[PDB]
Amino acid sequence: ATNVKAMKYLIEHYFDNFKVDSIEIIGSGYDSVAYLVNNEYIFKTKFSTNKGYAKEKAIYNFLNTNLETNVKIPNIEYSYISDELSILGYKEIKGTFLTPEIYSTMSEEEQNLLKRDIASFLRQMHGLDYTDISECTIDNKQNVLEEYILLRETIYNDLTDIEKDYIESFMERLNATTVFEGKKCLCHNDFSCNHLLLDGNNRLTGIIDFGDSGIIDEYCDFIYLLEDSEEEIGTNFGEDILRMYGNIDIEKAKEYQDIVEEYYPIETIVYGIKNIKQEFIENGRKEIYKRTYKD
């Protein structure tokens, strides 16, 4: 139980008179680990990476001050932020994560109420005056262009023709699309069903992981709601939510999701380059072949 011991130590060291009586791992990413401490607190942690926890903390603070909602989000009680180590702690939001299986046991009315809850939460968050967090802007198109330049400066010339063509074909679509020219607002920006918590009546009770959140295209928060995969509910779910949300071009939302999805293998390669992780470069290149050959 080595990781747990270390992180217990660090929590007690940086947070005076916080006492860890229990601690377990409840989640992880490639760069992070989350712990449930005293069956009450979530502690999210990471070591040296590529101002992440600073922003996420600022966003929680901004949202807890400004949202009027019964939906719970993390409320940061402990933080330690440095280049080499960042920790955020908050009381665990209780509930059951939404999944496709759970959704399929819900009555039609239950499903509608959950969809309305989501639409309402997104309408309220996207309608906030974000002046107070105006530094948290994210420009996805410009980010992609910069990543493309990094590719050109590093490994692009060693890729295969098939890989190059996939990339260039994406860049050509990026240049022709209009889906980055619409409304910008504060978005969750990783808005998948594994971040949505339900209460005992299958209503939306909490939303977690605003770690990628920022001021960005309004379309961003529909990308997973529109996704047809084993992990998400399905395209009709996102469509209905978009109709409830109102005043948004559904076809552009879908175009934006389709473009993000096409980018994925390239995003994966770029992550590998930036983090010096060859396995990610390989995985993304292989995925380009998988997509190219899908019939």
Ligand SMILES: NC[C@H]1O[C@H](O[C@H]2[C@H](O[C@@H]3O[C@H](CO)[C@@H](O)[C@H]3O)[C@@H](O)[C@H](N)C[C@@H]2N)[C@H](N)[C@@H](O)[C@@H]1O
Second form
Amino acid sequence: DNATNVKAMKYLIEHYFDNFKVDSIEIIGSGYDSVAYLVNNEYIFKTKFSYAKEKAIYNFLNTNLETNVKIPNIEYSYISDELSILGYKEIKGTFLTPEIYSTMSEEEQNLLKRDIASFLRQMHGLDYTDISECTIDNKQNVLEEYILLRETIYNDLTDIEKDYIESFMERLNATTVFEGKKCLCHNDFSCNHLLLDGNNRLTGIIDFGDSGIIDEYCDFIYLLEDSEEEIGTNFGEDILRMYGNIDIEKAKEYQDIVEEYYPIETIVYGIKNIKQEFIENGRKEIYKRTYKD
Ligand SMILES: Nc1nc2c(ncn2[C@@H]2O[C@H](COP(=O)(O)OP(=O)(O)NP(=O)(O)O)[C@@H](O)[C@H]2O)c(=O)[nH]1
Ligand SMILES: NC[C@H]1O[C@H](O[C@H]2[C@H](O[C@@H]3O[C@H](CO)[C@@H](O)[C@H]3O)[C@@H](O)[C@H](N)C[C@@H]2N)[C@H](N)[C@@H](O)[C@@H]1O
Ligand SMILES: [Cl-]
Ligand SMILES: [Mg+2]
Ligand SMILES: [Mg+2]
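Hand over the structure of the form deposited with this ligand bound; the form solved without this ligand is what we had up.
Below: every chain and molecule of the assembly, starting with the one above.
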């Protein structure tokens, strides 16, 4: 089942990109709706059975970004309703993790943080007129997701579940954090998308698949996150200081609101994609959070 999925994708790549010969192909990653392949120890091929926005973003950034940090440069694309494939040369490096960060010297850490702040400053500073179609309004997306809840499963939720959702919506309505600067954000800027070179400096960034014109605060939500997957609040805070001209408390409020939203986001994903286990997981997560002392 490892060896069979790969054969079909080898076939599709050779069918759709005429002169492309697959000598080797293995799985390097996968979401719940996509799979990524390392081909010829040289190319990444991201694939999905339903990437046009993602392509437009790479094409916009490879034109306009001034940076030594490498990003996917799309050489192969096939995009249709039922299948999408993007291919580009693998960016070489090692992914940032907590464990690697804790072994870096104070100075090594500082340089990495400066590299990050610098990349974000450059991306957030772009004139985004040429990708203006790629706007994203998170508040309005939540209101629309909430309506879909009300139209589907909300009435069958428990009272505890409903209180969690209502209490979130009360907070969404009171917050000011969606009313600030908009700019082009990576919008999934977690350390599993950041690549280091042999000196532990930022050498590449991947997965601009959720990128768009959105609140400036968006690109700090994972840098600020306190979890096993991410480095820590202090990492995000120092990066925020280095980046400058940004209200740190509101960045944290933004991050905290999105974190509160995660279980509802999980439920909504379950409804939209008809996957009951996601509905169950998000509801379960509500109980876990409700009972943490
Ligand atoms: N070293 C390296 N790995 C890459 C590169 N591009 C993708 N990957 C690997 O492929 C995995 C999946 O890639 P990614 O762009 O994050 O897509 P995804 O997040 O699973 N899919 P989607 O963005 O559609 O949800 C990554 O976790 C990483 O391991 C690359 O340029 N270099
Ligand atoms: N894996 C548990 C964590 O999930 C979320 O964080 C991840 C976050 O959320 C993913 O959402 C998936 C479900 O749709 C999930 O599979 C996620 O990977 C992801 O977008 C980042 N690139 C990596 C983040 N660390 C939460 N915001 C975080 O609080 C929680 O600790
Ligand atoms: Cl359920
Ligand atoms: Mg990814
Ligand atoms: Mg992605």
